[PDB]
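Of the protein chains in this complex, all but one are displayed in their positions.
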Amino acid sequence: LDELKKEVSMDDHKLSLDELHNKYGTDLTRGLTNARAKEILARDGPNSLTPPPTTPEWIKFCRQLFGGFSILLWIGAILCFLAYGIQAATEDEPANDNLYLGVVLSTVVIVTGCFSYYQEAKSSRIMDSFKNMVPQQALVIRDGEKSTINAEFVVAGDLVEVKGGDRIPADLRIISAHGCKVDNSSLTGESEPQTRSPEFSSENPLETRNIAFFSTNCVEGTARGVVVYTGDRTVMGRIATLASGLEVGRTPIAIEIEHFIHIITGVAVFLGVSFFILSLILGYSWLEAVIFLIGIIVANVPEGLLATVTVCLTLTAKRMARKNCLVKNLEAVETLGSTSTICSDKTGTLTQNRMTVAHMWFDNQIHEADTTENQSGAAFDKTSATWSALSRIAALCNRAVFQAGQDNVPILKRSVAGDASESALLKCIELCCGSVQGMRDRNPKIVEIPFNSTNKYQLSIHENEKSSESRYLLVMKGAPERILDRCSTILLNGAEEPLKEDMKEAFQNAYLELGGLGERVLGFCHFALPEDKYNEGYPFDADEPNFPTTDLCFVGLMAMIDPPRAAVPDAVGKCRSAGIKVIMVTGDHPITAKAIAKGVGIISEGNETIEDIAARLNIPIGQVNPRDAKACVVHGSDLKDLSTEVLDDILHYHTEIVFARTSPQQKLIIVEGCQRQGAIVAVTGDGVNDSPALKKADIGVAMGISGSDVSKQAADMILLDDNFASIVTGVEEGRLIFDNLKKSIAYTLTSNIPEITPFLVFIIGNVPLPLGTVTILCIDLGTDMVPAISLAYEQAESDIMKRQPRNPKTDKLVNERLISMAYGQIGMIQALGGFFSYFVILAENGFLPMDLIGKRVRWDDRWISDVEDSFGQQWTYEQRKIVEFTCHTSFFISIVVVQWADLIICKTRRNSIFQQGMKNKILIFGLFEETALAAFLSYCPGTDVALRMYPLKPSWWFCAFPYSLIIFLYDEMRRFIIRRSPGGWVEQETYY
Amino acid sequence: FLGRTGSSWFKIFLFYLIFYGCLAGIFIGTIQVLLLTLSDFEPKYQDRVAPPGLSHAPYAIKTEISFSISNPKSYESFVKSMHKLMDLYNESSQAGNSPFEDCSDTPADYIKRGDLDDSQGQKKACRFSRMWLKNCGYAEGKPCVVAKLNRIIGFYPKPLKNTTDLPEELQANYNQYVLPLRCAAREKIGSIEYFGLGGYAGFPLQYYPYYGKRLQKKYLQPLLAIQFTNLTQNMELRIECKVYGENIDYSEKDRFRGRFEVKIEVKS
Partner (left out) sequence: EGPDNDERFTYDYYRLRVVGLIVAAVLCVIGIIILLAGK
């Protein structure tokens, strides 16, 4: 469906103005007829974007109500009402058991539904942001007259007019223009104004001057044009549809959840029906056969687990909110940890998005300035008298000014009225020479010649601030070579000197080096005009050369670039040390893209492209073995004629990849290419041209300050302070939460065994029921909750940023090793500790373990109010039941006591508690509150009716203590083996 | 295979065999020590049997014994359980001076055979003739229910003293040696008739305290036969038999705590 939109567009900028009118039945001068425009409206439809059909929240909520655990809990809830119905008909049961348990279980499903619904959130308003880029109104020429109309009423063929400050209402063929410049950052991510004129200037319509696009704005001048595309058919309207239309897809974390749901659901249905038939064979009435099944359901399903996961995710997202990293989708909290490839935009993401002075060439020396936002570098020069001469030209031969009321904000961050290069120079001098306004007050400008297309220079004449002179100084800047052809002397370390071929060659060298760094280079020179030839009232003519512009003194060079953000180089290296592959994907030109790649460490030192090898060896590129080149730089124009299989080979064959001059669909294609190889991919960006890629990414991260509204709609995560170091933190947090989820899951599952085994022995042994159904829910929904959550606050056991990204195909959240430990080893020890306390309670009340076998028949018989114990005493029905429920209560408390040790062992997968310590305060809180809850549930009056919880005698609490301790020792010995031999036996069997 | 190789499948079996073996051996060990802390003659706790329960022979479907006089197999169900109990009180079961003793044919005081020790043989229990149960196949019309006080080791059932007012106000009040049992329904549409030891409507105190199964096997607890020769027919009559005493109490939950709940209906 969207495969059409993933392709590069076709256009009609090659046609003549006249020819273009024939195609759209239009007038170049009079414009369309009121009737013809209305006709075309009904024909083509409105100049608007329609949002894609969404899935209502209704269906979204209910889709969770049927996912493995909820299905089993539904079967339980209904099977409760089943047994209740069968009762209400047969023998009038005045009880509330099956009825209430059926109500409780149905509530558990609904509430669990809210948790998973909260986790599976999708806040997407892509198409809405795009719609915000179409103006409310447009100016059209109809019947030879200009009028404002609803922009939706704009059709292909009419004559539109735009001017500085307004949004392009539709894709236009420029037919007339006067000084028109446009901001195409929507399509390129670059905000430098692009001229628009009627002349065709490139075969590529996205590069030609005679096309203006919807989603962009006119920055200055005026233009008229013929509408060629409207609504969804515009270049960026298609990007809108592509972006808004892209199928979301399941996250890595989501896939893991479903996976263990299958496992646990599997064992549940297995043991469920495996013992349902095992009971009927033993001659159990279907009346009972279902009651046992309900218990089996409740025992096997970890009722509180899915909600635990959600809370652990939420708590991890809260910590990241506190580092200026907003998470829109709870699952995106983990994806960053599983990320193996980052596709990053350059401008406004890796870079500050601001022309900044990078180097200066004066005194036959290359000086480097500090490009960082917060200025974390050092000085270059202050002493040289040459510097002050260059500094003066940079301030004086400059027409840029700071906007009013910025004195509060830092120099480099403040808004400037002017072109990017003049702003850069302004901020450079203001920083290291103080107020520039002061320099422009001490040296009043009397005449100037602003930068001309033809002159290729800008000159200014000022009253020298010096009192002993107060004469006229000439300054000029422009193209380095043009400035050179106008110089005779060079200000070396203070004093001038003739411009010999020697210094002239050093100039060329300096010029070539700076240009090689992808930096824009300017020349600077001045000339102190002779006093006798220029009186204090001498008039200077700016129109006609009234003053010399030759034999001037060359002062120096200055170079500039849109520099990396301070934290970016280090963040890139850190991603790469964690084994994450970092690719650059930018709409910017290749020379600039490549230079920043080396600056931030995308391309490491020494690595070459095929073009680099060819130039170094002075040989044809076809003569170069492409396998000798680990780095590559792909232009979008070449990308366009490559198949995906060939794109896949590029991705496979290079470690250091730069995709430059890419369109928005091309970014999507590169992302998909990476994913196709089985990689989890993150995208980082800030422009509307990142929207499709951000949507398709497993996780999209947008910049918060510099980011466009669209990009932040398309993302899963926002960096609110533009701190790229947050990606590094995000991946670290993502890995940590993945491990801690394992700990929390194992902990929760472990207590399933002591809830399952009592029901089994109840059938096979014919003893009184050791633990009840209600009692199970008091564990999974009550006591285990806070402890399970607390594992989310566990510190790393080792340097997680030192390991490679997990293999999502092999490294699962829940594997066989977890089940073996939780179900086969620790849970089994917990089961016994439960049974022990059960036998203790009964034996101390007169029913010794031996006489318990095959007694349930008489025990449950409501009409036998005289059962004989081991000592020959006789018990009524309600009397023995009180002891039985007291058994449920102590078995319950036994679970809590054995979960104490389990909580401590689940703390660490490898390390010892004596190494990791007990610095998790939430965990300790869990221990205290868990025990408080259990005690309250046993001793609070009335709980014997609502939950069948009975007061325990002090000695009862200590039954499971020896089992709780064996768990601690056992797991500590086991992990001691793991560490002592990384070989594999204990490791490959039990290492979560 | 599914998971691993044969070598791995073996090792996982050798482990869980030794592992579960140890766990079973430990579980058994903790059961040993538990038993080691307990007496053979007396249970550690008795507060959960404390107030004695009162149970009868007619096995009630739901605290009810409804049947038809004009039908044979209508009551043959209740006669099965009635027989089961009384069959134990046979004279052939009580033979010789061992381990039985002839006790007062009239309600007497308690009898202490020492302590709950094995320092003596089987503590000798009082004989009880089912022949003390006058009038009661059993009552084919108007049932002859048999009451019973639940056995509790070392329990001395203490009758109420005639200090103040009483339900069966002072009639045949053998204050010193009889634990009374008065059945009731207002709703007085019956005819209560009690049979027992010495002809009294109670339990003779000479059968106490019970020394337990280990120290007193073949022991016989006193019975109290109750006959309802009601002149009514074809209606559910809620009859409650209540025992009175210092150590006797009741509960709204446990409807058998020192009392009966019988729903007789001679639907003939």
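For clarity, chains are labelled A and B in written order, and residue numbers in each chain start from 1.
Keep in mind that, in the parts below, a contact is a pair of C-beta atoms (placed from the backbone, for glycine too) under 8 Å apart; a residue touches a chain by one contact, two chains touch by 3 or more.
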Given A:706, A:938 or A:964, the residue that touches the chain left out of view is A:938
Answer key for A:413, A:533 or A:953 versus the chain not shown reads A:953
With respect to the chain omitted from the figure, which of A:232, A:929 or A:987 is a touching residue? A:929
If the missing chain were put back, which residues of subunit A would it touch? 921-922, 924-925, 927-929, 931-932, 935-936, 938-941, 951-954
Which parts of subunit B face the unshown chain closely enough to count as touching? 45-47, 49-50, 110, 112, 152, 154-156, 158, 247
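What we mean here is this: only the chains that are shown with their structure count from here on.
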Subunit A-subunit B separation of Cα centroids, rounded to whole Å: 75
Subunit B partner, complex, touching residues on subunit A are 91, 816, 824-825, 828-829, 832, 835-836, 839-840, 843-846, 848-849, 863, 865-866, 869-879, 882-883, 962, 966, 989
State the interface residues of subunit B toward subunit A in the complex, per the touch definition above. 3, 12, 16, 19-20, 23, 26-27, 30-31, 34-35, 38, 41-46, 48-49, 53, 55, 59-63, 148, 150-153, 210, 212-214, 216, 251, 253-254, 256-257
